[PDB]
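Single chain ahead, written as structure tokens, the form solved without ubiquinone-2 (UQ2).
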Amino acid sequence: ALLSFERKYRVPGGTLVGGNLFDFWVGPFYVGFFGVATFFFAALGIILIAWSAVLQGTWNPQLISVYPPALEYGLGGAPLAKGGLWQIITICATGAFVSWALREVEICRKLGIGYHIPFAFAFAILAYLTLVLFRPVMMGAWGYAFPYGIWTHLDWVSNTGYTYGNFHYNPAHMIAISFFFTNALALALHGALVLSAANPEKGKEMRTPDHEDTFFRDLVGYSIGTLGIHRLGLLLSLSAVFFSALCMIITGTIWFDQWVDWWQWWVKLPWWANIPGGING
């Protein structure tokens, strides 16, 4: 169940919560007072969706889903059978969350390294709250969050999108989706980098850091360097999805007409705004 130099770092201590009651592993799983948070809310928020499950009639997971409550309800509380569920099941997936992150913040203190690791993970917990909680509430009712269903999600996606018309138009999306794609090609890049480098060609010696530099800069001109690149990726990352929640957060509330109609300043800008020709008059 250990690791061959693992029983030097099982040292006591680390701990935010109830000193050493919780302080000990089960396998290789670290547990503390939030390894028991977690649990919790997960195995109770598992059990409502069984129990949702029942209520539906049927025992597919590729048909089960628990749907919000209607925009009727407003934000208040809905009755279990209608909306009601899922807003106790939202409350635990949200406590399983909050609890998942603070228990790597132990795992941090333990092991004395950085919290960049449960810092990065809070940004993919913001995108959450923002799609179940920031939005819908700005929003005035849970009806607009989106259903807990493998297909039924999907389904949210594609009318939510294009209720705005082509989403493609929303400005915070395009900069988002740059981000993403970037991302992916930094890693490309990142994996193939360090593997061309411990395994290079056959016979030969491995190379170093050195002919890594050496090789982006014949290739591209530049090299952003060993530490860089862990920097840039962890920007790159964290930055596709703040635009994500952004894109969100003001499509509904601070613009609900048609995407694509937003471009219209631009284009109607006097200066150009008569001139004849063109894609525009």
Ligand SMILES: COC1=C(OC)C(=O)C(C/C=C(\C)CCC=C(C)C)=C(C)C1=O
Contents of the next structure:
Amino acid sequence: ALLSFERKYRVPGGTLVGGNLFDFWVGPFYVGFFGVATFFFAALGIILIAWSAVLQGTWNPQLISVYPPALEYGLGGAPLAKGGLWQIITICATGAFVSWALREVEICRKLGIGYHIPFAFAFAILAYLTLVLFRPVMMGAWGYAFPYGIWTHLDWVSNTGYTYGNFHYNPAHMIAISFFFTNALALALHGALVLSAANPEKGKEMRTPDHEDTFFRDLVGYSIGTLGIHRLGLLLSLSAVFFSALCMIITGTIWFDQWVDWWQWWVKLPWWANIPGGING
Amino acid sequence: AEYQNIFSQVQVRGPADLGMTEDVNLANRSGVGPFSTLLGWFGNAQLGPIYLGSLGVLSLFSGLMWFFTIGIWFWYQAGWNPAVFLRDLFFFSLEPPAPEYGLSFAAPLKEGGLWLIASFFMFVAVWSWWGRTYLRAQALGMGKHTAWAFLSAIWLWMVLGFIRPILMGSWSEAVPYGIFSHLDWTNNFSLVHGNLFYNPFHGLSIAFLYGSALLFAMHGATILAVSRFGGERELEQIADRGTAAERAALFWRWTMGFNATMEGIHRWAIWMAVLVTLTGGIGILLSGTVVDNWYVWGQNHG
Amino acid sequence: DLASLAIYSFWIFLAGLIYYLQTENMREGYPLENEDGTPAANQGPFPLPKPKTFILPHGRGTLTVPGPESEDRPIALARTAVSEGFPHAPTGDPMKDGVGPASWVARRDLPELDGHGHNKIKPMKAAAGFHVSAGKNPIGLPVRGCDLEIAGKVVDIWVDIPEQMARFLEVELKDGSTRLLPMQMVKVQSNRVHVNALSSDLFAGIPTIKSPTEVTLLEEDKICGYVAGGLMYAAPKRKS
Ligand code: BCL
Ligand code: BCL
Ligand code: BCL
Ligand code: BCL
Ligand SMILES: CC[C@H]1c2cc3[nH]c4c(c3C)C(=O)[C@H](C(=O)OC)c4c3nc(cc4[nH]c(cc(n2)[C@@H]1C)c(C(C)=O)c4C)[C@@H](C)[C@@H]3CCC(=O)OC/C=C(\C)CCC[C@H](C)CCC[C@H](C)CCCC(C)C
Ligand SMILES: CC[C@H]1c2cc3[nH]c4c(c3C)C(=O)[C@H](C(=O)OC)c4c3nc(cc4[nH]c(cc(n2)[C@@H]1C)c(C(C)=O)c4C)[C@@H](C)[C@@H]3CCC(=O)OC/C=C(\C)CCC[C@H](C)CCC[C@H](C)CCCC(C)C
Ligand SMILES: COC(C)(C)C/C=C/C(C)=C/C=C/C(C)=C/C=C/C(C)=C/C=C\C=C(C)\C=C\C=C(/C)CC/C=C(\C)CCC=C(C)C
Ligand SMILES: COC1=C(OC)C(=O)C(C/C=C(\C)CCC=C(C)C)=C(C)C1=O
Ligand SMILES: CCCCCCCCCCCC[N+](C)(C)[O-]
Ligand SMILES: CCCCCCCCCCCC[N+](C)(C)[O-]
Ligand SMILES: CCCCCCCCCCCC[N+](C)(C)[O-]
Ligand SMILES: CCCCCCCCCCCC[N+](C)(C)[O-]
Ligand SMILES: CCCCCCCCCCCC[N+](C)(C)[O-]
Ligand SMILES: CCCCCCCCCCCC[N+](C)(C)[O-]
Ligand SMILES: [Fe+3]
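I've shown you the form solved without ubiquinone-2 (UQ2). Could you give me the structure of the form deposited with ubiquinone-2 (UQ2) bound?
Every chain and every other molecule in the complex is listed next, the one we just looked at coming first.
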């Protein structure tokens, strides 16, 4: 039940709510007030999903789907079997996610580390909330939110995207994708670099960070360094999610036509709008 | 406000660092570039040196030729008019030969010939650049992980521009060179293959792409959270575990009930990332060669 | 069909990969232990991998993992409950004993070395010709703790030669001796360096280094552990 070095760190303290009341573990899992909150929110949410499954009339995980209130309900309540369960499951999900972050904070305080992890997680929660809470509210109905189902959430992505034509043309989406791709590139390179240094050619001694800097300077003329790369991966991946939430919060609110047409502002600039030739004259 | 180690408070500099020598041919290294104080708030201030060498020159020249072959075509499409070139920059497109030319090199310059020449230059640029990731690790006595990982990106690229077109029987299947046209190509590829969302390899690829952001957010944030105990000195934490690596592991053990090591996190990392393009390239390679319509295939569960 | 085969193969490959990855990640800290240090009955479903050996540079030896785990230091904690899973209370002063958030690991009592075999971390004064290149220079600034009292003054920066970065501030105390404070645990301001982790009276208790121009992995762990530990244990004297 304990890692070999673990005991020295399992002291009292660090909780945000309840003093020592929930200051303990279960196997490897820290508990805390927010561990109790997470369990409660998650347990309810799962039970409601199973109830939703019964009212839909299936137990196949590829078929279970919990749909938000139809558009006619606006931002009000709905009968449970017609959107209300979705509404409650969503409160449960949010409670669980926020609880999970706050429990992470408690672990941080006990361990004497920085809060960077729950802070980064909060970006993911904010993206979820953009799709199920902020965007639906700004747009006037719960029904614009995605449904909770494995394949049905994908139908939603598709239908939402095609509502605006090829969603590729959302410029905030373009920035988002760039961050995603760049992040995966950086992850591949960080992983490969450290490993290539820790596991050198057969019989050779472990390389050093100097070799890591040297390899990258040789390769491309720059190295961000070992603090830099962990700053980078954090930045790239949080920026991707930031721009993801941006690209959706502005869709169906400030912009709601075909995203391809947005790009006409550049082509129609007076100085060149009317010069013939090229693609657009 | 506690200091968060996102940006440095104080930069320091000393003699330009010329790097480790090992077996590198030193005749092929530039001198150091300038130092960027701007960069230095976030990473290293030093630029260069860089390694030239014959493979390096080849790859660079070839990559430029690719870039310039597309750009000349763009100027041509613009009727040599600077203002139209800028106006229409994202709209230009160097397109591959029409279906009727099959896999032959007999299409005219203006209808595919130029695309083939650009592609040829891209091919040698990328492969010789791959050779470089291998050789720079070799000269330093390092493992080959970088070249192995690059090979996974190269796989999707090769599939899209070369392997899949050859299997389909024509260059017209490849991707055009253009900002907007490549996006239209992407949208159209999905539409024509009955929606990529039904390709299990596309879904896997997404799981990994998202998974990379999840993982790098986790790792990046963890290292920073333990940088007050020297966390980012990963290689020496591998060789001689410190309290940084232990607090890291325990954060995760307490949160989600398992954890990594200082070396092993980097193995999760490399694989989360390369599997994006490994599953990706498979999903594309199967598209139209074996499976015409992912929705249809999915209805037969296969 | 070929796509069916590929997808089925992929899931098998991925099960094997997760297996490989999880076992690779058990090269440290395993086997699991009870709170008393003995092997736990339940090790889980993953077995330890075959050992691997890292060759350390500069004649520092090798590391083989997995291998026999031990703390190599006394842990001043005691049970607070009669069953597994509860916190372990400090038996003395947790800051001085190095437990909880003040923990340190028994790392090699040698300095980390660069690729040339030189000490990786040096006071700037002994590092040719390193100087502050941007940002406020902390050298000379009074150093303040979370009790808003002055604990001493910055007399140097300890820098990482190969990576050209600031790692510690060397701080001089009322009695003329110095301590290292981790760079990540200070706030450089225009008229002061502020340290939220420690009240002024806890500065004397920072673990000292044995040679004035080098610091060992062991010493770094004790310094960083002790300063972090103040977040929790200096809380009664804070104050912001
Ligand atoms: C994966 C499925 C599709 C496709 C779908 C998408 C989608 C969807 C998007 C992109 C976007 C990008 N794609 Mg694409 N992309 C594919 C094929 C690729 C290939 C290739 C196979 O060689 C290339 C070069 C590009 C590159 C481009 C970039 C223009 C852009 C940012 C990528 C990035 O952050 O990379 C990693 C970052 C780097 C460090 C290197 C990349 C730097 C860029 C600037 C170089 C690319 C080409 C360069 C010549 C552009 C110059 C611009 C002007 C001419 C001055 N794509 C395939 C065919 N691509 C995004 C975009 O913004 O489009 C406009 C976007 O939303
Ligand atoms: C045909 C469909 C359209 C499309 C329509 C849309 C639509 C619509 C959307 C996107 C969005 C996304 N698209 Mg798109 N877009 C398409 C083409 C692409 C292409 C491509 C190569 O062609 C790419 C790369 C992308 C990429 C992007 C990303 C920027 C973004 C998704 C990531 C995200 O928001 O994460 C953010 C992360 C989350 C939301 C996850 C949060 C999870 C946390 C908080 C909780 C989960 C925990 C719990 C349930 C787990 C259980 C516990 C267990 C123990 C595990 N799109 C085509 C053109 N795109 C989406 C977006 O930006 O959303 C903001 C979006 O809504
Ligand atoms: C982010 C932008 C879009 C969207 C875009 C798409 C697209 C496009 C795809 C997915 C796919 C996935 N999406 Mg989705 N997805 C949305 C947001 C959600 C949310 C949420 C906010 O709560 C969740 C939990 C999921 C989760 C799912 C998974 C079923 C699947 C793999 C994702 C992954 O590996 O992530 C990376 C994170 C990890 C690797 C951590 C692992 C955690 C995963 C496995 C959690 C599974 C939980 C799931 C079974 C929910 C049950 C929870 C229980 C009731 C407790 N999506 C929004 C609406 N998603 C892919 C798929 O194949 O679907 C069929 C796919 O192609
Ligand atoms: C309407 C569009 C379709 C769709 C059609 C496509 C198509 C088509 C493809 C993808 C592909 C992917 N899609 Mg999709 N996609 C859709 C919906 C989405 C959504 C969503 C709806 O939220 C998401 C998140 C994604 C996610 C993604 C990625 C997982 C995946 C490509 C990963 C990658 O890293 O490639 C980026 C990396 C590369 C392209 C490799 C780079 C190779 C190197 C060698 C290039 C170097 C070039 C160098 C010379 C340039 C130098 C210039 C610099 C300035 C130096 N898709 C919808 C259903 N998608 C790709 C895939 O694999 O699918 C299975 C793909 O071909
Ligand atoms: C912001 C950058 C990226 C990121 C960061 C991030 N994610 C994080 C964290 C961070 C730093 C963690 O600290 C935390 C973690 O503990 O990781 C292991 C986490 C986490 N991210 C997770 C998933 C996840 N993150 C995602 C993405 C991202 N996370 C971004 C790409 C995605 C995507 C891309 O879809 C997924 C699916 C979990 C592994 C974990 C959070 C675990 C958690 O909050 O648990 C508490 C609650 C439960 C145990 C389940 C509650 C169940 C609900 C009550 C009911 C389910 C409702 C749901 C809405 C239905 C969805 C159905 C689907 C078919 C759509
Ligand atoms: C594992 C999946 C991810 C991945 C990984 C990956 N990519 C790789 C590698 C890895 C491991 C590297 O080793 C390799 C690399 O060297 O990275 C630094 C690389 C790389 N991936 C790159 C880009 C890239 N990767 C892609 C993404 C991905 N790669 C996936 C997300 C994408 C996307 C998402 O579309 C892009 C665009 C390059 C940075 C690099 C490959 C470099 C290359 O093949 O070069 C050949 C061509 C040239 C040498 C020059 C090209 C011409 C330029 C247009 C000219 C402009 C600048 C010029 C150099 C100025 C010179 C001026 C002179 C006159 C002085
Ligand atoms: C300012 O003006 C100048 C001229 C100075 C500079 C301007 C230049 C400009 C504007 C260039 C713009 C470049 C752009 C927009 C390029 C964008 C391209 C994109 C987005 C690429 C995306 C897909 C690329 C793929 C998938 C291509 C892969 C290619 C291969 C796999 C090569 C296959 C090899 C072939 C077909 C040749 C076979 C030959 C043999 C025998 C090996
Ligand atoms: C611990 O090692 C790490 C660093 O520190 C020595 C890095 O320097 C880099 C290299 C990152 C850079 C500079 C990428 C910039 C270049 C392009 C073309 C995107 C990686 C991957 C890394 O893991
Ligand atoms: C794909 C990334 C390529 C990066 C290449 C950077 C080019 C810099 C060239 C420097 C020129 C060297 N020299 C000796 C002539 O000065
Ligand atoms: C992807 C990052 C690319 C950065 C390229 C930086 C090139 C620096 C090369 C140094 C050469 C400078 N010079 C003229 C002194 O030789
Ligand atoms: C991604 C690399 C680009 C780095 C440029 C960002 C510069 C930010 C400067 C931070 C400000 C430093 N300051 C004043 C607080 O000391
Ligand atoms: C490095 C290993 C991490 C494992 C990631 C787990 C991905 C599961 C997502 C399921 C994808 C669903 N589908 C049908 C598209 O294959
Ligand atoms: C893809 C998600 C599947 C859920 C399982 C995730 C792994 C959690 C670790 C299991 C913990 C078991 N333990 C340590 C209490 O025995
Ligand atoms: C997609 C990643 C799947 C994560 C699950 C992998 C391991 C889960 C739990 C590992 C067991 C921990 N244990 C018992 C060895 O301590
Ligand atoms: Fe790392």
